[PDB]
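Participant: Below are the chains, spelled out letter by letter.
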Amino acid sequence: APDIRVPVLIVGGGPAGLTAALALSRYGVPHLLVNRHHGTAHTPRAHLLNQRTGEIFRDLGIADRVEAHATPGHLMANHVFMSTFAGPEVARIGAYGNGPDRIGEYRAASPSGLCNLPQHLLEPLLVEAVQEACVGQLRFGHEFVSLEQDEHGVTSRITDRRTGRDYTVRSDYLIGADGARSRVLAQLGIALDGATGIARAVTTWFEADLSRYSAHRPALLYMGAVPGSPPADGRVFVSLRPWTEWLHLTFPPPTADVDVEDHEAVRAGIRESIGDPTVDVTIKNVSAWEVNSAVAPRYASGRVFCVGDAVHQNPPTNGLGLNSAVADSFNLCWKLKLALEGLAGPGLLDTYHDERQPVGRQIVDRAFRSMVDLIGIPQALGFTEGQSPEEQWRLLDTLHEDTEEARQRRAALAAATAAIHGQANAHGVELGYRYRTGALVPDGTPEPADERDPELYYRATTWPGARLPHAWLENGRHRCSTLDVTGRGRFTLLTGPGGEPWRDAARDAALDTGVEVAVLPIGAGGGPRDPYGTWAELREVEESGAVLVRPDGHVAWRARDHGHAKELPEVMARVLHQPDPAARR
Amino acid sequence: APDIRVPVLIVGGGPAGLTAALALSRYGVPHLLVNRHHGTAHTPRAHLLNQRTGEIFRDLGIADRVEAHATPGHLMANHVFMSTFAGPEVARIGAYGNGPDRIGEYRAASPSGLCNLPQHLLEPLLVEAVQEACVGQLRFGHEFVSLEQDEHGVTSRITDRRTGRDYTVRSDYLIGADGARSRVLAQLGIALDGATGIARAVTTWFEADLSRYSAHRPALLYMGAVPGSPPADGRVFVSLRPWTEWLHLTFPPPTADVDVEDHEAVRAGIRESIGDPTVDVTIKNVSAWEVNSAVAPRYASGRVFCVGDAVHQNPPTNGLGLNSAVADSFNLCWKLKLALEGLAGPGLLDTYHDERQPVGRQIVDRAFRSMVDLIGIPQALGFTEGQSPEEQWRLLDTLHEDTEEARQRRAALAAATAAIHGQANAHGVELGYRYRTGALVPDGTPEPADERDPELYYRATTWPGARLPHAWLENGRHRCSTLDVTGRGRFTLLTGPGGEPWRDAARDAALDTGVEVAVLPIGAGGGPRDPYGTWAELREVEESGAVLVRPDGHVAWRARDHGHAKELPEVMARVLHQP
Amino acid sequence: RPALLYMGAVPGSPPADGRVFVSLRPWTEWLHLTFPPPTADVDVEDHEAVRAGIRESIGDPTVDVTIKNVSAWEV
Ligand SMILES: Cc1cc2nc3c(=O)[nH]c(=O)nc-3n(C[C@H](O)[C@H](O)[C@H](O)COP(=O)(O)OP(=O)(O)OC[C@H]3O[C@@H](n4cnc5c(N)ncnc54)[C@H](O)[C@@H]3O)c2cc1C
Ligand SMILES: Cc1cc2nc3c(=O)[nH]c(=O)nc-3n(C[C@H](O)[C@H](O)[C@H](O)COP(=O)(O)OP(=O)(O)OC[C@H]3O[C@@H](n4cnc5c(N)ncnc54)[C@H](O)[C@@H]3O)c2cc1C
Ligand SMILES: [Cl-]
Ligand SMILES: [Cl-]
Ligand SMILES: [Cl-]
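Residue numbers (the entry's author numbering), protein chains in the order written: chain C, 8 to 592; chain B, 8 to 586; chain D, 224 to 298.
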């Protein structure tokens, strides 16, 4: 006899969990979320919000609230390598699409920019949105202990940490959003692939007016090396509030004792990284963080689905962790809604693993290689163990000399610096991932490809599994994206001139499946216009064709022309995995 | 074969029709709206937004946009009777719940205030919200010509006025939102009851800095009488942007040359009303419009439903027309949504007329009686036709003498002033209307009644048919009304401690009817809190009981205790009029 | 749809009767350029004719138009 019955139990109220609660809130699905801690994040942790996250927050209706508090992209314009903050600079690249060679592609790719908003500010914004909708319930100070699942539901044991009293929750489904060392994932018998404690990071949150060393070269990341240090002893400054509020990251050797409470010693390390004793440093927090590089081989078992840091862990390079957490929960929730309605079978819920687990592998691999690229810069300079400050100042000074030695060091520094685009301008990784199996019906066309590095370069496509291309439309006098007039908990069929047969096809699809397909003509039927012609360029179907958009803004299917309209009802049945045991496997 | 097939055609793009397109947008219902004019309203027209409209705009997600542009309630604090604007004042009452004797009741009654936002500003906000949703389609410059309907739908003939191209729309339902002289209502064979041209009103929109004559007595309405005029020649000043943007209203006798383009003449008239020839007056527009008071005996026929000015017309007094237009469309759209999904029949759509026609009768009668009350002030002062300026100045001055004559006029003024509460503080009209037949199950309790004038005084109740009472809840640390956590396209069952049996009952109701009833415990089960205990006081059920709230914020049913749980499935089948 | 140049054509005009709006102070101060035919009598003092033409170019008579200057220029 269970204490609570609810359609969905969310375990964990970090970004992944709160994203799932907000999505289910927007879709009208009652849920309970339990979070072990009494409050939201009390330190910055992850901060970089990429364009995909920006699009998901527009769909969930919180983008304006996030933007009001976040650092804007133009104050993240560079990625800097330096000696001390007050000393000579080593190298610099354009970051986050601000450089003239990337800014066009970044603007064409999304209605959203990149911005910077740390977790102690983001999480309260998600909490407020969830409380305002009043569809599900948040319980902070409540700890998940264990689960059993069966054919029909999931029975979970929960502890109220204040009262010490246990209770049980019976749910149709459970979301594991409980972060690294997930108890939910463990209870499923799923063990991550990869290494644990591959490094420690010591992250210090502090206040210091460093505007004299930063404002002329605005950046999110200033990566420093104090002359007389081995190459591994890099000092990473992260701008949180230009140019007064900061993180400082060090990577202590495996055999160093870190006293997180020793503010005195941490303050002296930061003053050494700055190299200007007149800058007053106030410590706000110091945290030691075990860095892993690991990914779950399976994301789900039965009626339990794990998201975010429960199924992927990586170094902070690329800032992919937070963005991938948001996109995991946004992939899953519209699928749980249709299953709970009886409009989709367990076959649709299986596509969560099929679509998201390969992205988990991709981001863990990319973040690892970007962490290893960092040491290339001080190596190119000729920095090693056992060098005096004076020897390293001389290597920096002799860098610009008219010798064979200096020419080769300048070449090695340019090559080491070029590789940092893999973390500063990784547009293909951020926006260009495509689901190749899952809640989609291939059209028989080959995947578009070119000679450009697919990690660095995004290429807009309606190929099924791809995120729908962004184009500026106009609805009367209202400027709106292709991504703004799709999603929001429904399927949308984008059509054009000569697309009338799509209306009866969509009508038949909804009758056969009980799922509505909204028909939206662009540049026809009095619908939104394509003022620049950009949508006609990107849609890759003819005027009479169609692009079928899922509730998460990925393309489920496309059709060159209205010759394919009669396929739509069967396409929708296959996307929804509607349990037809005669249906064709 | 029709040109266009669409669930709902809305005819008319004023407040009523734009509200319907916004509600249908929020509910995900594809629709088409045609409006004969190429633009939204080009002059202020209706401006007073009452608390109930504020609540509906909170439901439809646009109340913050409206509030950013509107005059706030505290700047509409008085209703003023005066001579000239620059001359001596005659009388004053508190307005719109600003007086100390009404402010408490107005604050407890709603999460929303009253505000002032003219139609030329409000209509673009609704259009923008509809275009942003991109669920339905707006076509301005398109004119409805005629319809025919059958068992299965409605076929309308439309003309594109710029091209003269004609086309046909086949819709399941049609909303007539086409305003006064509704072409849609006519084609239904339904004629209004009440008179036409009961008067002519001349409305001048102008700019003048009158802060010196208004700031010390903030009002929406300054009602003046230039000494040497008959009582019927009242000048109504309406504040639009304190204190530089105004309307000036007059009621010329049904015989008089009204040149609307004669600006220099209107301008001279406004200057005389002000009584201070140094004030610069810039005319922005002059409009003549015929004041009616009629109400349709029937709001609907078959698959066609008429809202707002199509079905009720009244003088501007009480500003009920704009508010009632919004509440008509909000009553109707959630019922259409359940009808289109096959979860309700024509029986639910019949409740539109049953609920809203009686409110149309009430507002037309109240507004007429409020218009008639206005002449009572100048009459109390002893003003009549055929008096000189000096004669009327003398009567103003003598009003405060220690004579019997002056004692009597003083008493007659006070009584005529007290009647203006029926337009200035008519809280029971604005918020307290209750549906007694329609999409509701009466609980078998007698309707709460009391001694207070029910036009003036709102009495909060969960008696089925009433608007759900406002209480402040807190959901975690988020402050929210009972009205914020209900509505928004769904049925909600508010419960309390010992209400667990309502869980199984709502699930059974969903199985039998196909309509979800969201269960929301207050002060139990980790749900929203009632920090003051106000909700426990207003809910008029026990802790273990239930209040069933409709998508429009009205109560469909209540139950004293959890023993009534087993009744919820049949209650839901009767509210939805399932065969 | 922010622009320096908004080039209009009032339906029922010859192609050569283009109306060019030039944004000078977004969105309250403007130029309006026409190219009258070589026959036309241009009266740079008839503010009320010029005003009626701008209102026509705009297509919304609720927009108040205040003339600052009219000039004819030999291209
Ligand atoms: C100390 C620390 C510092 C970090 N700093 C950075 C950084 O600088 N840059 C960067 O890019 N990434 C960083 N990360 C990772 C980043 O914070 C995550 O990628 C991001 O929060 C997404 O995580 P999530 O919501 O999946 O999990 P989390 O943020 O870990 O949240 C999961 C939540 O579940 C709760 N929980 C755990 N067990 C239970 C249970 N049994 N019952 C109920 N609740 C439970 C936890 O209390 C926690 O609130 C850091 C991580 C940690 C742990
Ligand atoms: C000149 C004027 C001044 C007013 N001033 C005041 C005031 O000061 N105070 C006050 O309280 N009330 C006033 N009103 C009334 C007030 O505007 C209405 O109560 C309010 O507009 C709500 O109206 P609605 O949406 O029902 O209709 P409306 O605002 O009349 O809008 C209906 C729309 O339908 C369109 N239409 C008509 N026929 C067709 C067709 N065949 N096809 C397509 N579309 C069609 C019209 O173009 C119009 O835009 C005024 C009305 C008028 C006409
Ligand atoms: Cl804690
Ligand atoms: Cl938003
Ligand atoms: Cl709002």
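Everything labelled a hint here was simulated from the structure, so no lab data went into it.
Be careful, since some hints might not be right.
To be verified - Straight-line alpha carbon distances no greater than 20 Å define the calculated EDC-like cross-link-like pairs of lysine to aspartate or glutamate that follow:
| hint | chain 1 | residue 1 | chain 2 | residue 2 |
| --- | --- | --- | --- | --- |
| 1 | C | 291 | C | 279 |
| 2 | B | 291 | D | 268 |
| 3 | B | 291 | D | 271 |
| 4 | B | 291 | D | 266 |
| 5 | B | 291 | B | 173 |
| 6 | C | 573 | C | 537 |
| 7 | B | 291 | B | 271 |
| 8 | B | 291 | D | 279 |
| 9 | B | 573 | B | 544 |
| 10 | B | 573 | B | 550 |
| 11 | D | 291 | D | 271 |
| 12 | C | 573 | C | 515 |
Unchecked claim - One-sided excerpt, in silico: chain B residues whose CB lies under 10 Å from chain C:
| hint | residue |
| --- | --- |
| 13 | 37 |
| 14 | 256 |
| 15 | 530 |
| 16 | 534 |
The C-beta atom is built at its ideal place from N, Cα and C for all residues, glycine as well.
Participant: For every hint, state whether the structure bears it out.
Facilitator: To see whether the hints hold, each was checked on the structure:
no., hint, in the structure
1, 291/C with 279/C, "holds (18 Å)"
2, 291/B with 268/D, "violated (25 Å)"
3, 291/B with 271/D, "holds (17 Å)"
4, 291/B with 266/D, "violated (28 Å)"
5, 291/B with 173/B, "violated (36 Å)"
6, 573/C with 537/C, "violated (27 Å)"
7, 291/B with 271/B, "holds (12 Å)"
8, 291/B with 279/D, "holds (19 Å)"
9, 573/B with 544/B, "violated (25 Å)"
10, 573/B with 550/B, "holds (17 Å)"
11, 291/D with 271/D, "holds (12 Å)"
12, 573/C with 515/C, "holds (9 Å)"
13, 37, "holds (7 Å)"
14, 256, "violated (32 Å)"
15, 530, "violated (14 Å)"
16, 534, "holds (7 Å)"
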